[PDB]
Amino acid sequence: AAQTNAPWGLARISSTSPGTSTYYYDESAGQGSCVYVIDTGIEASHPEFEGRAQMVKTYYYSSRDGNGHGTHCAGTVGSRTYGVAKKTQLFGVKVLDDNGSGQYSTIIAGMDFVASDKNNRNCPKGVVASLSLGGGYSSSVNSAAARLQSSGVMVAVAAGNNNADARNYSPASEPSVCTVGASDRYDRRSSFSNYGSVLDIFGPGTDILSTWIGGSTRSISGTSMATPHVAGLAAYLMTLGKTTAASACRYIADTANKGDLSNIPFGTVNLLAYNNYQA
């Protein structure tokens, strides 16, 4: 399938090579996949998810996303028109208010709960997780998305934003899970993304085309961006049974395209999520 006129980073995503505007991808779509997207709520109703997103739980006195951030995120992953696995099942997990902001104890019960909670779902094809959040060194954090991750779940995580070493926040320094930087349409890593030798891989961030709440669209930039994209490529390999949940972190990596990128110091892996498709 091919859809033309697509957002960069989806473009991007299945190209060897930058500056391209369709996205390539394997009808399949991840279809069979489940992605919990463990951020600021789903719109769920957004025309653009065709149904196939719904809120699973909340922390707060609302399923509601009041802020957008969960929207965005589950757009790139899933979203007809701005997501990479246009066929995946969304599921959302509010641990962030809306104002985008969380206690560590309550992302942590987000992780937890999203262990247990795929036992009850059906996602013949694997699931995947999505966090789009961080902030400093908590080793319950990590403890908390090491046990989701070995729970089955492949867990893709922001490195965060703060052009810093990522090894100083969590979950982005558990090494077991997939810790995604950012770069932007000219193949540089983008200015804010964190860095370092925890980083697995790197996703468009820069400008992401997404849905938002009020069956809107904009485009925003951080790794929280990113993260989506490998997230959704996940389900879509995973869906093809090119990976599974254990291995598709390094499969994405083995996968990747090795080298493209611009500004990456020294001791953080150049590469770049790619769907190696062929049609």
The other form holds:
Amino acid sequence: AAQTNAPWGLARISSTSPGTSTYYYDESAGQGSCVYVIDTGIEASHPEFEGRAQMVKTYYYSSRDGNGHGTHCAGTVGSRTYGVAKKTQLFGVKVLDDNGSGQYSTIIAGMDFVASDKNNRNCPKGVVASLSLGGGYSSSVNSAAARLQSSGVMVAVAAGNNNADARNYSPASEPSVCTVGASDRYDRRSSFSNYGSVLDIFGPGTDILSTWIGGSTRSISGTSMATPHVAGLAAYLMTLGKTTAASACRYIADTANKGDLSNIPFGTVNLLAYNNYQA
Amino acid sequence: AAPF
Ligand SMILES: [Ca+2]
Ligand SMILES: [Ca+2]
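If the structure you just shared is the form deposited without the partner chain, then what does the corresponding form solved in complex with the partner chain look like?
Below, the chain from earlier opens the complete complex, with every other chain and molecule after it.
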């Protein structure tokens, strides 16, 4: 399949080169997979989700996304126009309040929730979790992320936006998950992107168009935007049978575009997520 | 935490 005039990040993840505008992907499109978006919620009523999104948990007075961040991330995973995996099932877990804040005990509860809740869902092709959030290092947050991964979920986490070593942030610093840095449309490391040995992969993260609350769209930037490209890519590859939740981060790194990015500090991987789709 |  070919989507013309796609957002640049979608075009990038199906290309060996920067500077193109068509997203190429197998029509299976993540059908039969599931992605949990652990964030501020998802506006499931957005036409872009086509009935494939739903809220499954909140820790606040409402499950509504009053912020937008979670809706945007979900759109990059799986919206019809803006998403990588256009037929995946999207499940929202609101661990962050409408101000974007979440206590670590709530984030941990939400990760343990997903590890259990997947057993209540139909995801024959596999399960992914996208965590575009974090804070300072916490062993308990990292352990929660490690348990979620161990339970059979492909966990993708944002590296953070401090232009610093991700080793000092959580869940970014948990080794066993897939820690995602951000790039821009000219194949530069995004200026804000964290880096370091704990990064597994980069994805598009600067000036990413996606869904927003109120049935709208907008372009924003962050490692938060890179993470759902990788989460969506994992769901897509799982549907194709190319990998599994335990192996997807390795598979994505194995099959990535190598050496394309600039301003990658010495000791950080130079790997950009790539679907290797050949019509 | 905060959103990224
Ligand atoms: Ca290249
Ligand atoms: Ca890792």
